[PDB]
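Novice: Letter by letter, the chains look like this.
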Amino acid sequence: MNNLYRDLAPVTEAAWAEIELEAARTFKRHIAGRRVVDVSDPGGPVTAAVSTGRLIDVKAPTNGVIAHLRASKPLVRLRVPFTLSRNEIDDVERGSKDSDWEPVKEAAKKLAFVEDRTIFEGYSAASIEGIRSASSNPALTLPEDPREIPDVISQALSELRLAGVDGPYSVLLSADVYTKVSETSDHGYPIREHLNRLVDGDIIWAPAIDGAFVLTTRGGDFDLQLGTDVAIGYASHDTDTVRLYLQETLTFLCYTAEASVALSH
Amino acid sequence: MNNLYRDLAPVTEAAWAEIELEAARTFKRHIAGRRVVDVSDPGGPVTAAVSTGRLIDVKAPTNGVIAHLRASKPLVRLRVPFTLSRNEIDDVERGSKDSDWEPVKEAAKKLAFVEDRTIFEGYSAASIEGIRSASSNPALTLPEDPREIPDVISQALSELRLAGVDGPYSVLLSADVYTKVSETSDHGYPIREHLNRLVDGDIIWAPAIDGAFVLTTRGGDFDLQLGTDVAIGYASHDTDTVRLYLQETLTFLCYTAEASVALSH
Amino acid sequence: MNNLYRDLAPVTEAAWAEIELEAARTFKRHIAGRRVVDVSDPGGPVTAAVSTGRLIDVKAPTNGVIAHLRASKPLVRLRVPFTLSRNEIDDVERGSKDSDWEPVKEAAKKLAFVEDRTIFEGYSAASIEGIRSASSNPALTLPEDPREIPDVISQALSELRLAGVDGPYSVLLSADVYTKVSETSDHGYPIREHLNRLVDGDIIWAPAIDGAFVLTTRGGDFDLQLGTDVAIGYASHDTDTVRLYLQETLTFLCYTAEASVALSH
Numbered sequence: 001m002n003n004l005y006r007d008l009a010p011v012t013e014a015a016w017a018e019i020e021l022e023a024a025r026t027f028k029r030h031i032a033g034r035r036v037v038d039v040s041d042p043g044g045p046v047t048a049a050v051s052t053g054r055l056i057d058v059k060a061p062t063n064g065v066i067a068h069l070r071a072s073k074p075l076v077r078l079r080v081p082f083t084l085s086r087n088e089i090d091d092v093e094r095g096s097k098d099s100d101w102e103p104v105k106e107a108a109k110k111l112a113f114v115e116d117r118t119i120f121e122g123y124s125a126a127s128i129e130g131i132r133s134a135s136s137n138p139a140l141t142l143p144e145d146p147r148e149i150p151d152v153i154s155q156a157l158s159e160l161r162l163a164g165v166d167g168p169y170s171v172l173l174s175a176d177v178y179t180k181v182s183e184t185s186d187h188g189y190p191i192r193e194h195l196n197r198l199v200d201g202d203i204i205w206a207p208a209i210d211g212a213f214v215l216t217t218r219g220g221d222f223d224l225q226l227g228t229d230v231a232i233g234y235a236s237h238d239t240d241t242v243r244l245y246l247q248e249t250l251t252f253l254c255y256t257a258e259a260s261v262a263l264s265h
Numbered sequence: 001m002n003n004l005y006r007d008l009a010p011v012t013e014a015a016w017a018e019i020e021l022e023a024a025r026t027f028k029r030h031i032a033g034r035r036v037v038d039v040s041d042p043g044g045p046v047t048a049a050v051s052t053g054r055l056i057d058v059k060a061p062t063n064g065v066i067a068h069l070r071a072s073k074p075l076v077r078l079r080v081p082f083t084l085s086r087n088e089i090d091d092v093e094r095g096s097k098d099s100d101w102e103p104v105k106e107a108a109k110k111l112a113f114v115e116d117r118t119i120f121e122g123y124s125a126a127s128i129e130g131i132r133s134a135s136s137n138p139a140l141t142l143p144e145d146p147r148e149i150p151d152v153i154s155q156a157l158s159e160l161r162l163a164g165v166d167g168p169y170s171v172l173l174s175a176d177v178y179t180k181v182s183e184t185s186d187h188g189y190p191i192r193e194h195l196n197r198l199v200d201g202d203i204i205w206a207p208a209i210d211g212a213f214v215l216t217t218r219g220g221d222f223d224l225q226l227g228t229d230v231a232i233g234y235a236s237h238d239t240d241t242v243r244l245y246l247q248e249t250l251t252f253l254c255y256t257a258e259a260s261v262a263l264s265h
Numbered sequence: 001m002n003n004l005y006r007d008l009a010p011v012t013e014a015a016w017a018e019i020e021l022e023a024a025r026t027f028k029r030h031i032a033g034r035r036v037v038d039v040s041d042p043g044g045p046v047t048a049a050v051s052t053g054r055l056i057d058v059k060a061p062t063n064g065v066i067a068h069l070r071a072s073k074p075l076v077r078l079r080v081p082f083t084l085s086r087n088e089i090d091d092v093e094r095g096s097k098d099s100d101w102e103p104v105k106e107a108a109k110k111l112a113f114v115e116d117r118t119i120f121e122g123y124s125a126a127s128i129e130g131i132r133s134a135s136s137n138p139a140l141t142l143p144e145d146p147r148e149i150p151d152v153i154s155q156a157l158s159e160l161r162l163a164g165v166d167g168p169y170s171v172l173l174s175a176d177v178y179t180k181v182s183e184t185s186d187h188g189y190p191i192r193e194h195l196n197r198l199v200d201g202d203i204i205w206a207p208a209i210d211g212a213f214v215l216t217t218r219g220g221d222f223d224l225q226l227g228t229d230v231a232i233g234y235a236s237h238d239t240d241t242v243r244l245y246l247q248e249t250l251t252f253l254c255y256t257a258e259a260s261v262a263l264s265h
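Residue numbers (the entry's author numbering), protein chains in the order written: chain W, 1 to 265; chain F, 1 to 265; chain QA, 1 to 265.
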């Protein structure tokens, strides 16, 4: 067995298939970051750091010796525990199709939110700079009126053009901004369609982020490094409940500072 | 023979084909519910209940014995009798093509209305909770002005987005609401087209329901269980008329409470 | 895995084989009901109810609609927990052949007693009518003197003959009555042999029932429906003991009211 200790969990095979399906579905729906960044293959469990290729000056060991430390970025392992009713698990073999997988959905939504907020806003404790912090283009303010959203977005499209950047540009919106441009309409279309006319990429719902992000998806600018992708593991169990977790280990690198514009309220 | 006792009816083969065609056509046109919910294969005549996979605590038979009743949902058999003129039946072999099949059409419309109102509004006596009652998302009020319909509908699309739900969303409208958004026009399109721009699913005419319903059609959320699909059976006959019926047996299950928004006036 | 969670139990393979053998043996010995009634194949875990094929009038949904609920019988799941010493379990791999399986035997005897008392005396909370309650033939009183038992039994054989019933008749006795007709002797035979001469079926020891039952085993009159047969499942464990359970889910149907005579003291 492995670190998931999956065979020790009192979960049947059919219940496991339903839990895997629910977690994978809810996660994909709430991920916006993997649609725009380069996603590496999983390095594996032993992978601990990503080389940046830079060098750090250290106090010379002896006379005439020049020493340099190799710089690297550590992976962070992110774990979201959740708790399942054993009655709901037992219902699945009897043929129930409405078993309560709400904790699985909440854990997948929380893991997806962490991953997206780590990619776009950073996680300083894990030495990850967000796309918002690593952007060299000027930051823009989103207006109160949703009918004035496409104007400011177009100004962001000016900045990537002034930065000398090609590629399909894509706009990612926070859930508040996505709702505002979805529910306001002008001439038989919502403002989301007006945003769709400005770019050759995609208007992407990004419920974890704040503000908005416009960026190129030409490739090679944004890199998500995975040691291991999302997995479900077993912690402990009692007569009534099974404690499990969702787990993934990653770091994020931004190679190109001028490939994005961040917007705030 | 079977319970339809079809060979006992004084109905010719050509008349039977015309009656089957008329009933099937009028039924499909008036069904909205089967277009959005999962529809099972017919279980058969012996099928009486659907297992939910839950357990009900009962008074212990003896000391040290723990007993539980299996929970289930009963099927309901729905029968709509109708009456045909025997002269109209006899006209069909002579080559008439305008035989009065209005009672067949009224029976098919009434059966379709019952089935749709059972799926969406429930039938408490049959222990069926409607989609409106089983929805956990907040209920919305439809405005008087049809030009303000797409706004509220978009708010419903916000709620499924706040519920963490994917899939093609579909909007079902009552006949009053469908007529209101069909006959009012803005900038060369009716408001029904404005509703069509908001979703990747379908604006569906639902003449049996009240208000409106917005919901996902990703699958696995709404389940209609059929023991036997719609069939035409023979009751009795006299010199002038044949009494027949339309009959179907079903139950409805909603597994996912947050997959729908109900709207009312 | 399944709902038994059998691989989570700290029970070795040899100990499992001994426990299965002990439980199966003690159960068969104490079952009288399955020898006389029709026993269905196991429906499976999803099976929750048995259709009776009857209809229940419900308040009409709308005008001109006739509604009927399908009638059914719910299954009941019967669970008997028991507790095993872990030292006795560990003794089995070392080659012990006298490991204390008394709790397994007591659980199997209690499960068998419940099943037989449910078949013959009913379980009202599970909507099961016993054979004694569902019998339309008159009830008889068993005499105090065991030498007068065969007389009354013969009167019961008159009643099934007056009911117009064929087939091998079988007599089931309570443990008190079986002991009384076993230990009293007349002319070199116990009274049990005198009972054996009256029928072409079998004198059956039935320690769970009260009184006596005479009935035909021609088939199709008494039906035991099993969702799942007897299984051993794992609940929880500590350093000293393993808590397990015996479990079976069933209902009982009597189709033929005149196929039996019940006797009481």
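No lab work stands behind these hints, which were simulated from the structure alone.
Incorrect hints may have been included.
[Claimed, not checked] Each computed EDC-like pair below joins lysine to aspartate or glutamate, with the alpha-carbon atoms no more than 16 Å apart:
1. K109/F <-> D38/F
2. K28/W <-> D166/F
3. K97/W <-> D7/F
4. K97/W <-> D223/F
5. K180/QA <-> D223/QA
6. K109/F <-> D223/F
7. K73/F <-> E22/W
8. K109/W <-> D166/F
Novice: Confirm or reject each hint.
Specialist: How the hints compare with the structure:
{"no.": "1", "hint": "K109/F <-> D38/F", "in the structure": "21 Å, violated"}
{"no.": "2", "hint": "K28/W <-> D166/F", "in the structure": "9 Å, holds"}
{"no.": "3", "hint": "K97/W <-> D7/F", "in the structure": "40 Å, violated"}
{"no.": "4", "hint": "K97/W <-> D223/F", "in the structure": "9 Å, holds"}
{"no.": "5", "hint": "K180/QA <-> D223/QA", "in the structure": "30 Å, violated"}
{"no.": "6", "hint": "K109/F <-> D223/F", "in the structure": "22 Å, violated"}
{"no.": "7", "hint": "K73/F <-> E22/W", "in the structure": "25 Å, violated"}
{"no.": "8", "hint": "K109/W <-> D166/F", "in the structure": "13 Å, holds"}
In summary, the numbered hints that this structure violates are 1, 3, 5, 6 and 7.
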